[PDB]
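Chemist: Whole structure, please, built from the sequences with the hints as guidance.
Protein chains: 2
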Amino acid sequence: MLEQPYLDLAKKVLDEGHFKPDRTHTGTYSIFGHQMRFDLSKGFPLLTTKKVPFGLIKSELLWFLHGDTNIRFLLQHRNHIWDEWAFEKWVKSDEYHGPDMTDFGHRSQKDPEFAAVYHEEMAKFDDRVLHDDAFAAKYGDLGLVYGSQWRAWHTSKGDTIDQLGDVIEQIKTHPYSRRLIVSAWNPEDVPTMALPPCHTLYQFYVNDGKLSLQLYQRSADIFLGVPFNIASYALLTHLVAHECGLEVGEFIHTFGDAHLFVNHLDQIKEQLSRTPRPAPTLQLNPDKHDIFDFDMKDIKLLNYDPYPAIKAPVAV
Amino acid sequence: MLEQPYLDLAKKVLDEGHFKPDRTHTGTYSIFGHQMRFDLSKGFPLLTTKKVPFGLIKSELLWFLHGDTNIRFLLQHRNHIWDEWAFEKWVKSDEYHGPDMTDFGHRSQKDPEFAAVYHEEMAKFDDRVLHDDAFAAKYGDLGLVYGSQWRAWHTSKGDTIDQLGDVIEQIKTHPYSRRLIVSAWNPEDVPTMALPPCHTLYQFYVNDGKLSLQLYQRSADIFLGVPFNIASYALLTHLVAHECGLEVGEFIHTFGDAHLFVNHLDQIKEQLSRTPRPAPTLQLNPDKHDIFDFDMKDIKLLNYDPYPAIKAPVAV
Ligand SMILES: O=c1ccn([C@H]2C[C@H](O)[C@@H](COP(=O)(O)O)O2)c(=O)[nH]1
Ligand SMILES: O=c1ccn([C@H]2C[C@H](O)[C@@H](COP(=O)(O)O)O2)c(=O)[nH]1
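These protein sequence lines map, in sequence, to chains A and A'. A prime marks a further copy of an entry chain. So the first sequence is numbered by PDB author numbering: it starts at 1 and just counts up by one. So the second sequence is numbered by PDB author numbering: it starts at 1 and just counts up by one.
A portion of the hints provided could be inaccurate.
One copy or two, either will do: identical chains are not told apart, so a pair holds if it fits within one copy or between any two.
Claimed, not checked - Cross-link-like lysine to any residue pairs, in silico, SDA-like; alpha carbons within 20 Å at most: (1) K172 to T275; (2) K172 to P191; (3) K300 to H66; (4) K210 to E243; (5) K300 to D132; (6) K269 to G27; (7) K157 to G143; (8) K20 to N207; (9) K20 to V314; (10) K12 to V206; (11) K297 to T24; (12) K157 to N186; (13) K42 to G245; (14) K11 to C244; (15) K172 to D22; (16) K210 to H18; (17) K157 to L144; (18) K12 to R37; (19) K11 to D221; (20) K300 to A136; (21) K157 to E188; (22) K20 to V190; (23) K12 to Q35; (24) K138 to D83.
Treat the hints as calculated values from the structure; they're not laboratory data.
Modeler: Following this line, the structure appears as structure tokens:
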């Protein structure tokens, strides 16, 4: 079935992965170098063995595609995936006068009463970003995130490259090119960023009127992150193919370090006892062609019928 | 045997690859997305089923490691791999007064008498680069090649990052880091370079005192290029491990487009009828530790006993 490479990867980390501590205190089981593939003509690889919210994946991708780096657009589609990076900034600034919020990541899991003074400041941070333009401009804007890396890469001569829009143009006019590459990795920013990009680079490929895409992901959270990651680049391959008048090939997912947090063992083992269902179908607006101007309603998911969601703690 | 993944890859492109024309007129059989691995504790992956000149691979790597971008150092170790890119420049310049050399690449294979007016200008270009300092500075210097990308990446504020030397420092002090990445892909240079880097990015990984390395190669000439590529990054993994006091793990070779030129079919089919021998051993100077100051004599290859070389035409 379509998601099997994903369950094979989980099985593999389970009986083959090495114990390694990491950047936190939450241990991992870990492998290095892995490759899986999804034939997108066979259906859309949103996991059926656990419910994944597509509406989140689809509004985060549109954000990236519009070159946007401001949380505000996410909040308008009730997408909180990026709140913590914005909040971090607000909180560690002059204008902030409130409970001290230091190491709020850990301390939301070790104190149920703190976790409500945190969820309080956050709801107020989001509300302000939504209603106060100057505030949004100051704290809503992440700066270096996929929307500027893909669409507005800063040059040493002070201009701005649309990496992705140029490559789309190369696909239309030189389909056989071996240089259809978008990189998110800037050696000059990377030492001072809070999160150097996990999705480091990707490459497109055309053959027999079919578009394929390969992602090099340096670091992957197998239980929580990877199910989102897969759907996000599978959708990108679909949007680009649609823009270029091509059919869709394969999505190839290459990993550097793929890890399983040790507080996710039971959840993954439960998931492995489920039996994949038939994959959903993806449907794109036949009438609209500029993907840079796609909106929520231009992407529908059909026949998605998943097992229930599995709750897991985030790693500190 | 140690090189089997390489012969499996050739076999795969042969009966599974798609005919695709390319950037020249010389057709290819082509696949997209492939991964192979070499356990470097099992020996050094220099192909035994065809003679590969290690002395070339080893002087080209030292060049890169010294941050050098000047052909001159190559010529001193009689290494001509990079001559054509330098010559191209010389020839397409004001100071050049000689036979017109336009499309000299093609026209060295379609004219046996031209091919000797080309080999004449080239021997004179190399001799000058070797003896005339101002000339070397002007035409010997490639500018953007792996030695500056790895060791002297230009920032937008006019300084210069030693990407590789910083990452070596990260390996010594944060071995478990998921961000041990060296990129050669600069979105601002790539549209104006004659050859955007084939070796796009690589990532190191440590576990149980062992160093592994994964290469993302966007485009690979399977018959001619890949045997050099493999040995070159396998040696890098060895030099870095030696510098950091680690043992050596695996070299993981990931491909975007891996192609076989159609004028290489007979040669590859002949190679596939050979039987791999035991792999050579690599030996590094036990007393010298700064790889940035390694020289030819600091790297020895032991027990390399290959089948004869197989002659093939370069693709135009
Ligand atoms: O879309 C995402 C975003 C994040 N991660 C995870 C992987 C790691 O657990 C963490 C990054 O930490 P470092 O790898 O930088 O150390 O983020 C994913 O798998 N997918
Ligand atoms: O070390 C090398 C250097 C070059 N190539 C080849 C692969 C391609 O045939 C060619 C690059 O052309 P483009 O891929 O940029 O189109 O160089 C290799 O395989 N290994």
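Chemist: Give a verdict on every hint.
Modeler: Tested hints:
Taking the shortest alpha-carbon separations for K172 and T275, neither the intra-copy value of 40 Å nor the inter-copy value of 44 Å comes in at or below 20 Å. Proximity of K172 to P191 under the C-alpha cut-off of 20 Å is restricted to the inter-copy arrangement: shortest distance 16 Å between copies versus 36 Å within a copy. Taking the shortest Cα distances, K300 and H66 sit within 20 Å of each other inside one copy (19 Å), while across copies they are farther apart (53 Å). Proximity of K210 and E243 under a CA criterion of 20 Å is satisfied intra-copy only: 13 Å inside one chain copy versus 45 Å between copies.
In this assembly of identical chains, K300 and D132 lie within 20 Å of each other by CA distance neither inside one copy nor across copies; the values are 32 Å within and 66 Å between. Taking CA atoms no more than 20 Å apart as the test, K269 paired with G27 passes inside one copy only; the shortest distance there is 17 Å, against 48 Å between copies. For a Cα distance limit of 20 Å, the shortest separation of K157 from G143 qualifies both inside one copy, at 18 Å, and across copies, at 17 Å. Only between protomers do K20 and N207 lie at most 20 Å apart by alpha-carbon distance; the minimum there is 7 Å, versus 41 Å within a single protomer.
Only within a single protomer do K20 and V314 lie at most 20 Å apart by alpha-carbon distance; the minimum there is 18 Å, versus 46 Å between protomers. Taking the closest pair of Cα atoms, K12 and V206 come within 20 Å of each other only across two copies (19 Å); inside a single copy the shortest separation is 31 Å, beyond that limit. For the homomeric pair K297 and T24, neither the shortest alpha-carbon distance inside one copy (39 Å) nor that between copies (43 Å) is at most 20 Å. Proximity of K157 to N186 under the C-alpha cut-off of 20 Å is found in both arrangements, the shortest distances being 15 Å within a copy and 14 Å between copies.
With identical chains, the CA atoms of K42 and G245 are at most 20 Å apart within one copy only, with a shortest distance of 19 Å there and 48 Å across copies. In this assembly of identical chains, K11 and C244 lie within 20 Å of each other by CA distance neither inside one copy nor across copies; the values are 37 Å within and 32 Å between. Taking identical chains as interchangeable, the C-alpha atoms of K172 and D22 lie at most 20 Å apart only when they sit on different chains, with a minimum of 15 Å there against 43 Å within one chain. Within a single copy, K210 and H18 get their C-alpha atoms only as close as 38 Å, which misses the 20 Å cut-off; across copies the closest is 12 Å, which meets it.
Within a single copy, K157 and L144 get their C-alpha atoms as close as 18 Å, and across copies as close as 17 Å, so both meet the 20 Å cut-off. For a Cα distance limit of 20 Å, the shortest separation of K12 from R37 qualifies both inside one copy, at 16 Å, and across copies, at 16 Å. Taking identical chains as interchangeable, the C-alpha atoms of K11 and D221 lie at most 20 Å apart only when both belong to the same chain, with a minimum of 14 Å there against 34 Å between chains. Taking identical chains as interchangeable, the C-alpha atoms of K300 and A136 are never at most 20 Å apart, the minima being 30 Å within one chain and 60 Å between chains.
Proximity of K157 and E188 under a CA criterion of 20 Å is satisfied in both settings, with 14 Å inside one chain copy and 10 Å between copies. Taking identical chains as interchangeable, the C-alpha atoms of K20 and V190 are never at most 20 Å apart, the minima being 23 Å within one chain and 37 Å between chains. Taking the shortest alpha-carbon separations for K12 and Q35, both the intra-copy value of 12 Å and the inter-copy value of 16 Å come in at or below 20 Å. Taking the shortest alpha-carbon separations for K138 and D83, only the intra-copy value of 14 Å comes in at or below 20 Å, while the best inter-copy value is 52 Å.
In summary, the structure is inconsistent with hints 1, 5, 11, 14, 20 and 22 from the numbered list given earlier, while agreeing with the others.
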